[PDB]
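S.K.: Following the hints, complete the assembly by docking chains C, D, F, G, A, H and B with the ligands onto the known chain E.
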Amino acid sequence: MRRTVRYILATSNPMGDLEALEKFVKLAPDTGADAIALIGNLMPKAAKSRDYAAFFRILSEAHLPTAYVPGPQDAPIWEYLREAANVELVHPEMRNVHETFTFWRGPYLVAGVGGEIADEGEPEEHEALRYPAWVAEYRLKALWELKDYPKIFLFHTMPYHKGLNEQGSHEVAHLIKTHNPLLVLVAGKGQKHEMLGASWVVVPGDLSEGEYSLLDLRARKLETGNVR
Amino acid sequence: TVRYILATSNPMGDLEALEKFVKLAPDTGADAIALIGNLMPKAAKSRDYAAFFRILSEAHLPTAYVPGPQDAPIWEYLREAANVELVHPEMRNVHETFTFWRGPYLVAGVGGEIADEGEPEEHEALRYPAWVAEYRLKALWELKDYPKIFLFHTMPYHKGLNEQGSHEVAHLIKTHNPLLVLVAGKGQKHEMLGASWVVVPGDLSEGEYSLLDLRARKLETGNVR
Amino acid sequence: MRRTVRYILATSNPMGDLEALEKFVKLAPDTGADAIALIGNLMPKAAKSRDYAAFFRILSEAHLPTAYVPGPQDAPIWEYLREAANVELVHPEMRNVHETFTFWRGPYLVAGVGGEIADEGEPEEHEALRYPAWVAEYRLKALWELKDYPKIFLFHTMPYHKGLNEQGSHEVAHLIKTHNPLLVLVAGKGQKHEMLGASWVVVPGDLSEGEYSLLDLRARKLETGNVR
Amino acid sequence: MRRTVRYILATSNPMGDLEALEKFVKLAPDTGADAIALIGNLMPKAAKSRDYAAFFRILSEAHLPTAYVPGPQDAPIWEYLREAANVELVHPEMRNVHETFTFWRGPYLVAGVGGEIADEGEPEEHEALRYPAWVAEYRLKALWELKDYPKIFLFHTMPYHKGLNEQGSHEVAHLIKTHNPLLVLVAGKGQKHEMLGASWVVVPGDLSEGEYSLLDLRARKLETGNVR
Amino acid sequence: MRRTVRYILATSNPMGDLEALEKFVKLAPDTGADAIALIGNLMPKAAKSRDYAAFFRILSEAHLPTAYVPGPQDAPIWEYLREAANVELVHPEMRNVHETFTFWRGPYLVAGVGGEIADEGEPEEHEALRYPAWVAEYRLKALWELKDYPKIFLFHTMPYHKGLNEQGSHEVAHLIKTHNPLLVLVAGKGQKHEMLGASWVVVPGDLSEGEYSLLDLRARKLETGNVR
Amino acid sequence: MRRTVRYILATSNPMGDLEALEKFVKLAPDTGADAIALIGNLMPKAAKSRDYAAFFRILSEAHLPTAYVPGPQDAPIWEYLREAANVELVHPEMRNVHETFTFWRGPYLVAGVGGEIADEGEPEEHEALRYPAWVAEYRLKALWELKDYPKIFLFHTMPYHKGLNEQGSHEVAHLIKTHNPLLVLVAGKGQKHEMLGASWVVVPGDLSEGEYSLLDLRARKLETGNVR
Amino acid sequence: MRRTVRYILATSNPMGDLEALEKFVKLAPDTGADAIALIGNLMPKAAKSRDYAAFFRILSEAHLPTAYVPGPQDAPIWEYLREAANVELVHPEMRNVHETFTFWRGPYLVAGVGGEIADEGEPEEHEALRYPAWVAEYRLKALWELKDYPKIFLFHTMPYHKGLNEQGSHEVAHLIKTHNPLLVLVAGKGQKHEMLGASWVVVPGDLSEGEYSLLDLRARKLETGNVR
Amino acid sequence: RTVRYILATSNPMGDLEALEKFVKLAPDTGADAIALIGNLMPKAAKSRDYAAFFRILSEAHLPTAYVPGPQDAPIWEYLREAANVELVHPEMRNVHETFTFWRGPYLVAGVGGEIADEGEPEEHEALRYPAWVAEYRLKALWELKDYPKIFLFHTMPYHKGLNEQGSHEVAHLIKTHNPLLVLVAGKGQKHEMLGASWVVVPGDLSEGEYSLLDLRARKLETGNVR
Ligand SMILES: [Ca+2]
Ligand SMILES: [Ca+2]
Ligand SMILES: [Ca+2]
Ligand SMILES: [Ca+2]
Ligand SMILES: [Ca+2]
Ligand SMILES: [Ca+2]
Ligand SMILES: [Ca+2]
Ligand SMILES: [Ca+2]
Ligand SMILES: [Ca+2]
Ligand SMILES: [Ca+2]
Ligand SMILES: [Ca+2]
Ligand SMILES: [Ca+2]
Ligand SMILES: [Ca+2]
Ligand SMILES: [Ca+2]
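Residue numbers (the entry's author numbering), protein chains in the order written: chain E, 1 to 228; chain C, 4 to 228; chain D, 1 to 228; chain F, 1 to 228; chain G, 1 to 228; chain A, 1 to 228; chain H, 1 to 228; chain B, 3 to 228.
If you are wondering where the hints come from, they were derived from the structure by calculation, not from laboratory data. Beta carbons: idealized from backbone N, C-alpha and C, even for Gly. Any given hint might turn out to be false.
Coverage of chain C stretches by chain D, computed from C-beta distances (three or more under 8 Å per stretch; other residues unrestricted) [stated by the list, open to error]:
(1) 79-91
(2) 99-110
(3) 123-136
Computed cross-link-like contacts, DSS-like style, restricted to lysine-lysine with a CA-CA straight-line distance of at most 27 Å [as the list claims (entries may be wrong)]:
(4) F:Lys-177 x C:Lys-162
(5) F:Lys-141 x F:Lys-177
(6) A:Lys-221 x F:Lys-23
(7) A:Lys-26 x G:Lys-147
(8) H:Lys-151 x G:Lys-147
(9) G:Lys-192 x G:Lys-221
(10) G:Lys-147 x A:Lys-141
(11) F:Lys-26 x A:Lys-151
(12) C:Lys-45 x C:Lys-23
(13) A:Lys-221 x A:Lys-23
(14) A:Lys-151 x A:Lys-162
(15) G:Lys-189 x G:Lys-45
(16) A:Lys-23 x D:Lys-189
(17) A:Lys-141 x B:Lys-147
(18) C:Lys-162 x F:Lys-141
(19) G:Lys-26 x D:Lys-147
(20) C:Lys-221 x E:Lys-23
(21) D:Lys-192 x D:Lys-162
(22) F:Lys-141 x D:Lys-147
(23) G:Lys-48 x E:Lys-162
(24) C:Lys-147 x F:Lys-141
(25) B:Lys-23 x B:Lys-189
(26) D:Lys-26 x A:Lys-221
(27) D:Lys-192 x G:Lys-26
Here chain E stands alone, though its shape is the one from the complex:
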């Protein structure tokens, strides 16, 4: 019944605003979105399992291929992982892609690495989600086994880039330059979008500010909007 994914409704850092999320999900149908991509933080650090449960219940109404990645504050990891697992059981079109992958009709190989991707230091998943660069790279190296697929990466950490963020991660930029994904979604306020090498890097907007975007994969065109 579903067709190739061209339009992708997306946003980031909802930080627990379930009302805005409901509106976001509510818009989906009339925009013609083929799928949804959401970047954390889904919740503030203090949230607990039941909060994610509600968060995912709301998101499940979309009934569209949906992919997400957690944010630096979505800790401990297992609460997000458990509620993600629970909703995905009967809503298989939904998919947490943190450290893993999935295929969208196209075909498109979707994969991601959420949380804070730090230059170095030790990994953390309880007081926060922090991953040193070598860990992020190890997660994506699995993709080299899959052949001839255009990629879509979801990250929270922004790649270094002069016309997007010169404070961004060189390590994330390295990940993008290595895999050459067709699209890279990252967390950020103010819908923006630049080309980084052959990769279209989009900051869909921050939903905790009511922002979101609808991307045209084929034309690499970006249509923005707000929920307020």
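M.R.: Just chains C, D, F, G, A, H and B with the ligands, lined up with the frame of chain E:
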């Protein structure tokens, strides 16, 4: 998007209850109809299935159904289902196959008796060893990104609530994680089996039917008698 | 690891000839074939389950996407089905597509209806496999729910075609003209092929006679061979 | 290398016995192995990163496609992961498959879930590696994206097996029945194997006891050995 | 794909004619080509970057392993090179082989030296692409590191061939005699081919004039065509 | 593109049987062989230049490192030599190693002395190929200049060995004892092998009788087959 | 004669100091070096062809495998190249690896990108040698075609590295990160070394300051020295 | 020490008297090695004749390379006596169709006999090899490509300077392999540059001629024993 499902099982030839069942659809707010066999008693003939399907078609709503253990030989149920479906696109037998409902929802089923082992039977009755039921549903793995709705005649095993149920059917549910599972049986009820919502819509030959609220995983019970 | 399918190694009616089948499989690596399509009769009517089990074991050594449908003599239906189910549990790249379907990388929607597709009459699955045309059509009806996929069909029964067989089945030709599959493979001795509407209809050859063909899907061209 | 992996040299639980590891690697050439599968614990809980580096350095000397998963004592998880990442940069045919996958000649999809797979409870990766069943099921569900490959699974926890291992895990048995891997390797002492449904389940032996096995994937039989 | 490349769709000097190029590409699938070889000029000297981008975009739709070298007019070198690099990040099967190499299924070592190969003089890459013979020889000597592969060379400049093209370059003939490539593709109008010693030297045709050839590597015979 | 040599497809004395040679060549992709080693007689004495050309054309289809030496009947020497020279110009992965050498990835220093190595007498290259031991030794002494390479020798003449052939040559045995090659391939019927000091001596089989072997270099083990 | 490369004599920036070059060369035998690697600038910008001729003549007296790359000042590029081409004709052990590669006994795949590697900008090779990062990256990608080789990279531009330089190039670091070379040699004063990922990055010293290093490839350690 | 000075000559044609003088000049000449091109003996010469030749040459006790001339047939007699002297003196080496290394290292290889444009090979009535055979011999050197090479041929390459009637095929072998030095047979000591290769005609010893080459400077020092 399908939310309310008017549902029932085991009509067993009672065409009067069927019409009353159908006549309900509008008042219930039903978005769709699901029906599990036995559609007809074993002795039934093709002409019987034709009349059955004609009344069902009057609902003019997305309708899905699987045969029961005595809807044999299989070909008679199939041909008449083929005939009514040529005319009403919203009508659909999902035994060993599938279709889509507004949402979308992947609706699929395996009717007849799903027995633990033994040989398959489709003439004297409809019986399928567990390996055949599993072989049919494995095709759904080609369409893994859709919430599913299963229609079975045979109930699954459920510890502390239904020790008579089939462990094999339970395994198919645990494996595919359907959002909703409809099974044949007398007396409206439902329980959560793992992450799947298993409902017994009621037995129509007893005037029983249910109206499910797929969103709240709840149901309104009713009777045509 | 697998790439898109462009070259299909195909044949028909091996009729239990295990030596031929084996040699046929052994050709895959030398040719670069990306997939195998085999039409029945796989075994003579007299064959039993342990015969099918031996057939599938040899076929499983290909380690290639493989599709098949049975012939009029592959009865009773349950023995062929049980043994296909057995080998397919651990070699999921293999698939009996009789009455069902599967996707190959391309993508291609592979579906089939084996056995003898008769004009009318009664279905038979025990003394032989025979299905009235309305059944075969009923089986393929499910595919209409699947959107925009180029299709590949396997039938044992030849469709009516002024060039391939003026005595072929008119009903089968109707399924073809209706679904407009990209490719249609059918049982028959002597490799040959023609266009039926916008569908490439191919008779890969009869392995019992040692015949096979390597199909260049994009070109609608065929290379012929014989295992001797 | 052979076209299809057939002979696999395997063992489990070396528990820091590096002399035994060196002898295991030393004899690999003589066995004609096409690949190596090793199940943890690779090291005792008290071992540190430098210990894993030594372990991997010795293992990499076999110069063969090698897959491994950690045991319940290989904690914290990041030390094993880090040293696995490191050696894999230098020897790309070496591969930790814990929570992920790789392909072996065939092609075979090799995947695993190391650590202790417990019925329920909380996940642990610092004092030990313990994953309740819902987490192991979540890791493997990603394989449905790559459903057309015969599979080889690596687990530390053994599945429940009526008559053979009444103490085994029902959840691990369920994962095997769900995914139908062709070969399942598990940790344990005393080389042995049995069929669990369609799956060939092998306990290759405990290296800290000097044991190892050379599997014949074709015949589904094994040749036992000891380095002592 | 076939395991060994046998049919090569080839042409030269399209000179910016995007229309003929589109027909060349649209026509490829029907030829049953295993690969495509294109010799410049790809564009007239006046064309700029954007022109090379459009050229590559169209060529990339053939979805076949494709090798190419620039002509005397594809200057300045860096625009052709930059656009070649950009499109190859997206379509790995595309490869500029000017001064470098790549492998085609076989394996065949594909290499070339585009531009005008002059007997002497100074090298030029801005006003035009001209390379004195010592440079071409220098580029190709790297191939002695990859000694065990049959070679396919791409040159704009034609070699001297006693009695057929006595205006041809003796230096280029010397390169061919030294490396013994199995196949040599060169620019020129009017499809033709001859054996220069053991090497099959082919002038596939000038596309600005709608000409192209489909080579049969095995028979060392070619099929001619025109996009007229 | 080529990896280290581990498996070698081998055979001897095909005696002009092109159908067998072709089946032999087609075995390579299915077995995964990394190289091919072939011992004469390639052709019966009666054969002339054009026959060797057909033989080499068929062998050239393998596209794999290949080494061969002539047998006592491959005379006059210059016919075998010219045709080897011809095919090796454009398929440089093939190599007649008679009185010379080549390197395979591993590395392995491959060399040979074909023809009949007689204890004494006069050399002959026209009515037959026969060389007295001192000539064979003189050819092999050139290798001492090449340092630290495991050696692979190809001879037609079998060495004296109580296990392999009690009537074999003591001189050849002596050359093997002096050079200490890793592998020695010799002509003979009935696949078999033995150790001669630290050297693995293999009789790969007689292709005229349809026999061949796939040697596993690392294991000094052979797998047997026949092309019937 | 030559054996596997283990000890490398290296230095950088001789800047035309021929006397120091002679001393550097005269030291080779005393150091027991197996090879020499030299990074530019070979000459200051003012130098001309006859100057490179004198330089290469002195370097050739080493009689050892030797690799080099030009510096930012070795312009115009064609003079350096031409004199490299000249000396390399009869001294093939010598090799300018700028944009290409060679193999050293080991084996080690030796490659380089000399000159100034800048983040972006236009390529320059006449007034100076300057290459934007996308060019450096494009040169090295050809290497992915060569399998399982440990790599040795020669660069003039230093990679960003919290230890040896925070002003280093992030792009050069990216190249090292993607290829994981075994050894990376870079220009710089003061002999020093650090590990970057799995790569040993060495600053061998500045020859114009009398500095040089003797690397021990296997131990990843080096001895320092000065010629004045 | 690394080979720098090479004492060379060609075509002694059985003149053992001249050969002995040639050999005895080696010491005061400071030669590091010796290279000798055929014909070593007239065609009528037999095995014991070659044995005498090699005995005198072996007295030099310096790395020595040689190839045979068109008249050194049948090939087997030259070969056997070369094998015999070489078993005893490791520095002696026939490089016809093969190779050896001199201190440097330098890869020394050669193809003696007459290198003819085409035709059939001959090794009994005389030594003649069509160009394709010479080329097939030398291609083995691509397996040892990182060494500077020293080539020995009896046949001279084509060159406007040295010889207008020279072989274009031999010239092509030189252009392909880029040998550092190439010694060929001929009368009158001389040398020219063929591309980057230094081609040297050391002289015809049956006329007393010989040369002492300085490889590093690419210069000749001529001399005569008569
Ligand atoms: Ca929390
Ligand atoms: Ca984790
Ligand atoms: Ca009935
Ligand atoms: Ca039967
Ligand atoms: Ca059926
Ligand atoms: Ca292989
Ligand atoms: Ca620990
Ligand atoms: Ca293929
Ligand atoms: Ca231009
Ligand atoms: Ca350039
Ligand atoms: Ca003959
Ligand atoms: Ca300058
Ligand atoms: Ca004589
Ligand atoms: Ca000879």
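S.K.: All hints, please: hold or fail.
M.R.: Hints, verified against the model:
Coverage of the segment 79-91 of chain C by chain D holds. Counting CB-CB distances below 8 Å, 4 residues qualify, and the rule asks for three or more. For the segment 99-110 of chain C, the stated coverage by chain D holds: 5 residues have a C-beta nearer than 8 Å to a C-beta of that chain, and at least 3 were required. Against chain D, the segment 123-136 of chain C contributes 3 residues with a C-beta closer than 8 Å to a partner C-beta. That satisfies the three-residue criterion, and the hint holds. Note on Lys-177 (chain F) and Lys-162 (chain C): the hinted pairing holds, with a Cα-Cα distance of about 20 Å set against a maximum of 27 Å.
Between the alpha carbons of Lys-141 (chain F) and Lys-177 (chain F) the distance comes to roughly 13 Å, so the proposed pair stays at or under 27 Å and holds. A distance of roughly 20 Å separates the Cα atoms of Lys-221 (chain A) and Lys-23 (chain F); the hinted pair therefore holds under the 27 Å criterion. Taking the CA atoms of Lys-26 (chain A) and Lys-147 (chain G), the gap is near 24 Å; set against the 27 Å cutoff, the hint holds. Restraint check for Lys-151 (chain H) and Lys-147 (chain G): satisfied, since their Cα atoms lie roughly 19 Å apart, inside the 27 Å limit.
Taken as a hint, the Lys-192 (chain G) and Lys-221 (chain G) pair is honoured in the structure, with Cα atoms around 10 Å apart against an allowance of 27 Å. Restraint check: the Cα-Cα separation between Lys-147 (chain G) and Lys-141 (chain A) comes to about 25 Å, which is no more than 27 Å; the hinted pair holds. Under the criterion of a C-alpha separation no larger than 27 Å, the hint pairing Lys-26 (chain F) with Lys-151 (chain A) is consistent with the structure, at around 22 Å. The hinted pair formed by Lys-45 (chain C) and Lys-23 (chain C) meets the criterion: a straight-line CA distance of about 23 Å does not exceed 27 Å.
Pair hint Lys-221 (chain A) plus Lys-23 (chain A) holds up; C-alpha atoms about 23 Å apart against a cutoff of 27 Å. For the suggested pair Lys-151 (chain A) and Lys-162 (chain A), the alpha carbons sit about 23 Å apart, so the restraint of at most 27 Å is met. Proximity of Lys-189 (chain G) to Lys-45 (chain G) is assessed by CA-CA distance (about 19 Å); at most 27 Å being required, the pair is judged to hold. The straight-line distance between the Cα atoms of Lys-23 (chain A) and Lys-189 (chain D) is roughly 25 Å, inside the 27 Å bound, and the hint therefore holds.
A hinted pair counts as satisfied when its Cα atoms are at most 27 Å apart, and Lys-141 (chain A) with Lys-147 (chain B) qualifies at roughly 20 Å. The suggested pairing of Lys-162 (chain C) with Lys-141 (chain F) holds, with an alpha-carbon distance near 25 Å, which does not exceed 27 Å. For the suggested pair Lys-26 (chain G) and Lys-147 (chain D), the alpha carbons sit about 25 Å apart, so the restraint of at most 27 Å is met. Distance restraint check for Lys-221 (chain C) and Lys-23 (chain E): the Cα-Cα separation of roughly 25 Å lies within the 27 Å cut-off, and the hinted pair is therefore satisfied.
For the proposed pair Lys-192 (chain D) and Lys-162 (chain D), the alpha carbon gap of about 13 Å is at most 27 Å, so the pair holds. In summary, the hint linking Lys-141 (chain F) to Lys-147 (chain D) is supported, as the alpha carbons are separated by about 25 Å, within the 27 Å threshold. Simply put, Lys-48 (chain G) and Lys-162 (chain E) have alpha-carbon atoms about 26 Å apart, close enough for the 27 Å limit, and the pair holds. Between the alpha carbons of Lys-147 (chain C) and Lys-141 (chain F) the distance comes to roughly 11 Å, so the proposed pair stays at or under 27 Å and holds.
Only pairs whose Cα atoms come within 27 Å are accepted, and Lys-23 (chain B) paired with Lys-189 (chain B) is accepted, the gap being roughly 18 Å. Taking the CA atoms of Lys-26 (chain D) and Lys-221 (chain A), the gap is near 23 Å; set against the 27 Å cutoff, the hint holds. For a cut-off of 27 Å, the pair hint linking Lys-192 (chain D) to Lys-26 (chain G) stands: about 26 Å separates their Cα positions.
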